[PDB]
Amino acid sequence: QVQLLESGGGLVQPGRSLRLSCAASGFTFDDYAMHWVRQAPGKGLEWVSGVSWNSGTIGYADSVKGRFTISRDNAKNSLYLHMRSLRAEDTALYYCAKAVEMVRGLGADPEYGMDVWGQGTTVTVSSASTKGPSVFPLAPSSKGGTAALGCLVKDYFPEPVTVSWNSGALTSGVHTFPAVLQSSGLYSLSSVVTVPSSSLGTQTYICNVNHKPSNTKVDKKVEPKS
Amino acid sequence: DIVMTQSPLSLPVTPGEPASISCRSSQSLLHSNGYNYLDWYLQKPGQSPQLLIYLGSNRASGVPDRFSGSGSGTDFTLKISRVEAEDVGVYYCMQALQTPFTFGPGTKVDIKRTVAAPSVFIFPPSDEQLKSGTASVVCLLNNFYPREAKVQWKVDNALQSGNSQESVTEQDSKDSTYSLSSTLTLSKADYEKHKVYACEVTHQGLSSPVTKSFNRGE
Amino acid sequence: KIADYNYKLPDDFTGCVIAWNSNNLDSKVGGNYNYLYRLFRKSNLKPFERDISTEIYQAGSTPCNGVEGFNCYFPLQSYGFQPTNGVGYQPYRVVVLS
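First to last, the sequence lines map onto chains S, B and W. Position 214 of the first sequence, counting from 1, maps to 214 under the numbering used here, and the rest follow consecutively. Position 186 of the second sequence, counting from 1, maps to 186 under the numbering used here, and the rest follow consecutively. Position 98 of the third sequence, counting from 1, maps to 98 under the numbering used here, and the rest follow consecutively.
Pulled out of the complex, with its shape left as it was, chain S reads as follows:
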């Protein structure tokens, strides 16, 4: 049972020193190569750092030359990564893992083998002010056909929020599209539901929004501006 525990998350300011710890278990630690993989939120996955079996730093990425540190605690089977001078975009969903290739198996030291991704933490590297959530009804157009109406959650911070539809009564057609991030760390999502168009009168249209950090549970309503 190979296991990797990731710690070092939470709300952190960019530009500040950061400490990330990954604990390894279920396999002999200090005989394998090891890897940190960058993963910008809202984007793909990219290699950021690594280290050899002998605890030798592989190097650093293009934009982070000579300002991160990767080290290995061989005593308690752990690995640490320290970051400095974060910006808004150096935020990443960093992942920890090891290498498949064994010492004296199949020249040169084998260091590839992205194999067992420990669930990487979600270090939130951003500096945004407290924005009161702005939920708003995307009103239904008078659409035979299928009506499309929504609720938009914009200018809110922190990002964690939840939208339910008619308190669970409306389940068919709900799609909460990802919140587009703006220049000033502003979040703007739109939950859109397609509903039968013959029930514009019998249905009172409510959406429930939950901003847990602000304890904002609001039962708003969608009405066509006409």
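Be aware that one or more of the hints could be misleading.
Straight-line distance between alpha carbons at most 25 Å, and here's what the computed DSS-like set of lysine-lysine pairs gives [as the list claims (entries may be wrong)]: (1) B:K212 x S:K225; (2) S:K143 x B:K212; (3) B:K188 x S:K131; (4) S:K221 x S:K143; (5) S:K225 x B:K188; (6) B:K193 x S:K225; (7) S:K131 x S:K221; (8) B:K212 x B:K188; (9) B:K79 x B:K112; (10) S:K225 x B:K79; (11) S:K65 x W:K28; (12) B:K150 x S:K43; (13) S:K143 x S:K220; (14) S:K143 x B:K174; (15) B:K112 x S:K225; (16) S:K143 x B:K195.
To spell it out: a stretch of chain S is covered by chain W in this simulated footprint if at least three of its residues, at any positions, have a beta carbon under 8 Å from a beta carbon of chain W; those stretches are [unchecked claim]: (17) 12 to 20; (18) 66 to 77; (19) 92 to 104.
Over 10 Å on every C-beta distance to chain B, these chain S residues come out as not near it, computed from the model [as the list claims (entries may be wrong)]: (20) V2; (21) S25; (22) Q119.
Hints in this document: simulated from the structure, not taken from any laboratory. Positions of the beta carbon are idealized from the N, C-alpha and C atoms, including for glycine.
Guided by the hints, dock chains B and W onto chain S, whose structure is given.
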């Protein structure tokens, strides 16, 4: 840095026939022993990235057997031989001859569906929303398959880039539904100085790229 | 510095020391900038110590908060292992067997 490309950017394949994806490099991955260093990796929606195959043909015990490796010199291919609808997901390839390591663009593979002309709607922002100081004009591209259909926001026939963000949902199990909410951001002053806003959709089945345009007020 | 702040070897050594040039390997295409070494620390290590205290070196009382390079000295010094590696500049790999 070694130049790497993945082709094609997306290939919809039918179960029952093999598939060929390719990664192209700017350097020959041959070594003194003659072994390339291209390793293929996979990820599903909701999954962390996962391994596919080592070095294409140099194999370790336990790797899946349906994924074959071929190619030569600088350019190699991953071949999907055994067919299943699970093969859908994103693919990546790595080079280990020179440091640092780097991912390619990565490509997404999905099961093909019958090509449907999209239903396009357009939604003017509400006035009380307009009071906030920005106009959020909405376009709805419902049921365009594949995602190849492109969107063009036009205020008074403006060819523009930026300020338009199109959110597309995950592949809905119903007819591979692809629903897109396109938000166009306009200034409060810009709203009142122009009249018509047009969301244009270009789809393969749409011989006429539809132009849903609405006007201020009604 | 190599003793106090780089690596405090125990004064008594029961074994042997071997060092050798690694210019052709421990040097990147145009300088091995990825390799650093610990020269900045206000505290002394125990002999044979694995110090993972890579926190920003603060020789004064400046509230760095994580800020580096402005009254907040970077803990490490950068080996420039370029093709300019001479007899004193070469990367000498060192092993002590105790």
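Outcome of the hint check:
1. B:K212 x S:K225: Distance ~20 Å between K212 of chain B and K225 of chain S Cα, so the pair holds.
2. S:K143 x B:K212: Measuring from Cα to Cα gives roughly 15 Å; hence the hint holds.
3. B:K188 x S:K131: Judged against 25 Å, a Cα distance of about 20 Å means the pair holds.
4. S:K221 x S:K143: Holds - the C-alpha atoms of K143 of chain S and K221 of chain S are around 19 Å apart, at most 25 Å.
5. S:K225 x B:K188: Holds, at about 19 Å.
6. B:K193 x S:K225: holds, 22 Å
7. S:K131 x S:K221: holds, 21 Å
8. B:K212 x B:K188: Holds - the C-alpha atoms of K188 of chain B and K212 of chain B are around 22 Å apart, at most 25 Å.
9. B:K79 x B:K112: holds, 18 Å
10. S:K225 x B:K79: violated, 55 Å
11. S:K65 x W:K28: holds, 14 Å
12. B:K150 x S:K43: OK: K150 of chain B and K43 of chain S at ~20 Å, within 25 Å.
13. S:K143 x S:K220: With a Cα-Cα distance of about 22 Å, the restraint between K143 of chain S and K220 of chain S holds, given a limit of 25 Å.
14. S:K143 x B:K174: Holds: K143 of chain S and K174 of chain B sit about 21 Å apart, inside 25 Å.
15. B:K112 x S:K225: With a Cα-Cα distance of about 40 Å, the restraint between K112 of chain B and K225 of chain S is violated, given a limit of 25 Å.
16. S:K143 x B:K195: Holds, at roughly 23 Å.
17. 12 to 20: holds (count 6)
18. 66 to 77: holds (count 7)
19. 92 to 104: Violated, because only 0 residues of the stretch 92 to 104 of chain S bring their Cβ atoms closer than 8 Å to Cβ atoms of chain W.
20. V2: holds, 14 Å
21. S25: holds, 18 Å
22. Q119: Given a closest Cβ separation of 7 Å, the condition is violated.
Checked against the numbered hints given earlier, the structure breaks hints 10, 15, 19, 22 and satisfies all the rest.
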